[PDB]
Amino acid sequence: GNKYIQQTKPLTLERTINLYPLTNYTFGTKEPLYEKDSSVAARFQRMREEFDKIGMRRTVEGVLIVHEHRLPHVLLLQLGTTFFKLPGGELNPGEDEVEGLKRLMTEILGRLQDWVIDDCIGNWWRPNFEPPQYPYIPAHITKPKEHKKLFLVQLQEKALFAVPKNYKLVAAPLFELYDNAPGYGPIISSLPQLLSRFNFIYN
């Protein structure tokens, strides 16, 4: 006649994430961090070169979320009038995805901080040495040139970031990103969709 107390619903079905006020975070400056490639031409030339040497490029990026007045905002790094990027970068050959993201996160925003990364939110592939990227591997494409993996990085209640001088740390509300590929690209603009399944607790 005994009955078992039910277990918390699977995290795959209901995933709760705690968000904190924008005012809980601050930043201090650090020396500028220049882009590895000076132009679009140099960018794809380096991609072609490395592809022959080490294979497909493996990129990882973190999505840090905060809120203001119960509205989720994604932290972005502004490098130009219309150039925004997520914190992250290229993994080294054989390097573990999550450990690599933690290394890259510390390099870009690190003050000792221990990043919490327990959720994969998406994947994007670049089939050719061209700008187009897709959220799936195109048919008949057995050698994508780049694979980008996005992770949700949970922030602590309060945090201090160290931002390179040439970057501006901004908090972008979802309504600013949604259907705004012209302003943020295909990856950042679809973050609202990718974050919709999360049950955010607005602290």
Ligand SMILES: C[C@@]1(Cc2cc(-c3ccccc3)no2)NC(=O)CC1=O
The other form holds:
2 protein chains.
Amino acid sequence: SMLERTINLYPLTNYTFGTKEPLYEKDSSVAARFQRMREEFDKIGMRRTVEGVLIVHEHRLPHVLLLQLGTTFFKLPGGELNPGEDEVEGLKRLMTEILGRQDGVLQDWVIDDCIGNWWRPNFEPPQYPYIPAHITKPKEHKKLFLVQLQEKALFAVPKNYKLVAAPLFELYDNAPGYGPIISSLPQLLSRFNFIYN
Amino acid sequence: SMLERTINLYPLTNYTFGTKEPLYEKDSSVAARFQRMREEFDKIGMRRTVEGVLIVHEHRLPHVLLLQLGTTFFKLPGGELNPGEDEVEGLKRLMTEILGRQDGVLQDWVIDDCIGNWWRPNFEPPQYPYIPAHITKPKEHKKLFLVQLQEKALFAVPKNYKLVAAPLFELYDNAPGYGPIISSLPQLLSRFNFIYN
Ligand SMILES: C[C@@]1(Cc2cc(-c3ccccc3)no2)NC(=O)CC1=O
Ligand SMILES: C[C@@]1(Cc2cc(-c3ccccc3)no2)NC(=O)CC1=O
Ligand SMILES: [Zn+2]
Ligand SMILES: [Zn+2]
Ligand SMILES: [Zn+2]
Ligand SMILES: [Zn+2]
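Same protein, different form: I have the form deposited without the ligand, so give me the form solved in complex with the ligand.
Complete assembly follows, chain above in first position.
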């Protein structure tokens, strides 16, 4: 009857958030983003994106680490796989790129849980947790993984981003604030047995 | 990188839906429902409810089996555990009670996946996929399980219910139609690798 995965959470105060050089997006606008998505689809097919969910707590209240581009959109650490790249090795690479330390000490990322899939049917913003009706060639597949943090870690945040610890109640039913993926993280995390260490 | 659970789905046409005597709710109204919930909380503490998600497909389109009380509210097969009752044995008991055959042939329910948790903080309708802030004594804990169906099965539907096969797109973002639990099932099922048999 214990069919739940057990996940160790540690206090937000256990983690050190340093700073490093800005990390710039490949697209300077939504228009460019969808242009490049069109160009790559015609060369190498469906975009494969991976996103990591990193959880901490304070006073046994779970928080998801989000990356805020200045004071704009919130995103999960993650991004685009290269063609032929393993999903898990790819997320470890992208999370090292985004939050990895300047002193070049290896963070040990542990990824043992897929927590969802999202599909983009067109070169447009709408994404669904399923392939919609009549769609044979989705333009993007996004896969979310739960990342088990070590007890303590040093993270280097690119100077152009803020790292925010978002409590679940704030995500819940707040698609306008966070979009349909991050806003459904409370539902997607409810199945886990969190230890508050 | 295959961290997904693999789930066999079969066609809706593989399953036989017979009929049996009505199965009446213990509460004749929302008011009675919350009254009885108050009375039991003071005797035996937090209500423990279990709900099963049974999935089929037609033409590789996944459908969740819902029970419609006449033409009213949609519910998952499930209900209240007795004090000291195992969650999994309890859901098998409740699903036998609701959909079990009249000829008293055993359905073999396979339950290997928790897909979420919901908490009712007050004797009121609101439920959250987490224990809300300042709540030490939640009044109900609801646990959802994915039920792996056999290739073929005979189900006996109580005459006062309809068994509806609901496609995911219809559930998605339709809390008004289905409430916050069923409406978030597409997100909660997205992590599974469905085989369409
Ligand atoms: C190639 C790369 C690498 C990348 C990831 C991030 C990033 C993701 C999440 C939070 C903060 C930063 N910025 O650049 N460039 C892009 O424009 C998308 C992408 O995958
Ligand atoms: C004790 C019991 C048994 C039960 C379950 C169902 C039922 C659930 C889902 C779909 C269709 C029918 N109706 O009665 N009586 C109640 O009033 C709640 C409960 O747990
Ligand atoms: Zn504390
Ligand atoms: Zn795909
Ligand atoms: Zn077919
Ligand atoms: Zn509980």
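Only residues modelled in both forms are compared. C-alpha atoms forming the largest set that superposes within 1.5 Å between two forms make up the rigid core. Numbering follows the first chain given and starts at 1.
Among the candidates 92, 128, 123, 82, the CA atom that moves 2 angstroms or more between the two forms after core superposition belongs to 82 alone. Relative to the superposed rigid core, residue 140 shifts its CA by 1.5 Å between the two forms. On rigid-core superposition between the two forms, the C-alpha of residue 156 is found to move 0.4 angstrom. Comparing the conformations between the two forms, with the rigid core held fixed, yields only the displaced run 80-82, spanning 3+ consecutive residues whose C-alpha shift is 2 Å or more.
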